[PDB]
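Given next, in structure tokens, is a single chain: the form solved without this ligand.
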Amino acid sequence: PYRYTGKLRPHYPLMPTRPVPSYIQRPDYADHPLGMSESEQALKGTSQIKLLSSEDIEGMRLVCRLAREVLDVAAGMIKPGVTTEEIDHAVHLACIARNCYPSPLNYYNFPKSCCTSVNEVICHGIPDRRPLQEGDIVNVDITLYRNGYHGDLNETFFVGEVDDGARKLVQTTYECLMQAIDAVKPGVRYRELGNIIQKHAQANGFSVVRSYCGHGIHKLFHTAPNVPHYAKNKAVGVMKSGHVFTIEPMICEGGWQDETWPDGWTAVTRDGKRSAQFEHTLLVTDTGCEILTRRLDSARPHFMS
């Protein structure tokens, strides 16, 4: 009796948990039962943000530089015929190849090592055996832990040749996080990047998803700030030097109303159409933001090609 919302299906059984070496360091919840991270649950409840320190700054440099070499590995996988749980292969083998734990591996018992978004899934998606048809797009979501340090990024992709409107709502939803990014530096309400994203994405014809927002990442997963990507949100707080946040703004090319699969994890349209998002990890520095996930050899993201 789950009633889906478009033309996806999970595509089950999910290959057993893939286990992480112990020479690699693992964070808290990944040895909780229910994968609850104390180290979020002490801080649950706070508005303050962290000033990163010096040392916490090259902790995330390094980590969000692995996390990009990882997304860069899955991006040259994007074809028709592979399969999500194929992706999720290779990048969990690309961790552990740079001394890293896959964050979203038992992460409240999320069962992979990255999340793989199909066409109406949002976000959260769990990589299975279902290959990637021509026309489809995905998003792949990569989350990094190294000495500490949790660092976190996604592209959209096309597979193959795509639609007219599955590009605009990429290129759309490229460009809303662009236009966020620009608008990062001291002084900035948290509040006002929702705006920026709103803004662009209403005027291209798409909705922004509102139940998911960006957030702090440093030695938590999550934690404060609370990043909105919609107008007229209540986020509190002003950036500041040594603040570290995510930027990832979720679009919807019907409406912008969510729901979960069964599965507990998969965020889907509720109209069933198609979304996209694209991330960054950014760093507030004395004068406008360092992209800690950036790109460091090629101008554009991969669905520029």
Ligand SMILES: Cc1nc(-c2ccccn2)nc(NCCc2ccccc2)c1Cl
Second form
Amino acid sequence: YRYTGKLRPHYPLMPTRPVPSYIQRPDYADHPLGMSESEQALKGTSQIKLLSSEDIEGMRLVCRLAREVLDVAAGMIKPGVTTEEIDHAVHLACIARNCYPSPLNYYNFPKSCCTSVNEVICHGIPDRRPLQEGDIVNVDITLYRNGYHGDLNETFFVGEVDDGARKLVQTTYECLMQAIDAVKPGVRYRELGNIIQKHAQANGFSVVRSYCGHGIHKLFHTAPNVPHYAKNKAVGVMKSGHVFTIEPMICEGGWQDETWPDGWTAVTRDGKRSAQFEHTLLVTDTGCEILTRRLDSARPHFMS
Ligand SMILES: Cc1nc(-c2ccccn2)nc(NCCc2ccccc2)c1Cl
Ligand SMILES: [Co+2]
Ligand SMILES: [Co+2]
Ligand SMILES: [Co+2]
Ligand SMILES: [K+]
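Now that the form solved without this ligand has been shown, please provide the structure of the form deposited with this ligand bound.
Then the entire complex follows, led off by the chain already shown.
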């Protein structure tokens, strides 16, 4: 395997983390290949669940907890901490909130969150590499509670970073907020990619194409599929009661991605940097509710 940039995996990984048996688990938690029977029963289906008031309350709760655990991770982004240490803290924060960390064993993913440094587009595996000043890192969290999943992620600066890092991270966030801004009953899901790419292109950046936002609720990843690039053919129209994520992955160089030999890590084929932000949203009659919004500040961590 020819790596595309300077990053390399740092093994071995510490032994897998158990979840106290008292934490409720999703069906794939104990599946040997980590498959989700319930998600497979709806594979290829375009229909989009309309949540009930019990559901909405369930989504509100797990999404607030998820935000709390992301804020914990944020607190740890300093040079020299390893992504596995971050993951460890995150694992413990889900347990303490009586939640299961959704990524854990999902299709056999070995950790409790995804940490994606620099050229890693998404799904980086927490490992022994200490964060380096100048690095940018995304931590993507998903929690499961009472039958519901809550998902968000933010890109962070490690120490001081260069101007390009700053511009990439800022633009990406803007891409995300301009798409949220358009969410309301009646809008087609395929429209968001137009907004996202329009802003990324205007700033010299490209939009990853192999990964998309997704519906989320009782299932981790379900309809709708939400591409973040222009002129896509996403299926569906937003309706009050729909819950889904927007999570654009934007790159300094080209949009092409490839996967490391570990079967998970998605990286830019050109080795340039990538950044991402994500919120889980609920369409309401006036627009949408940002379920994973930071509550103690108006801004994401990087700009502060
Ligand atoms: C966003 C997204 N993410 C994940 C994932 C899995 C483990 C940890 C973090 N993300 N799986 C998805 N569906 C399962 C099939 C799959 C696995 C790997 C890469 C792409 C799809 C989707 Cl849609
Ligand atoms: Co994912
Ligand atoms: Co997501
Ligand atoms: Co996510
Ligand atoms: K990255």
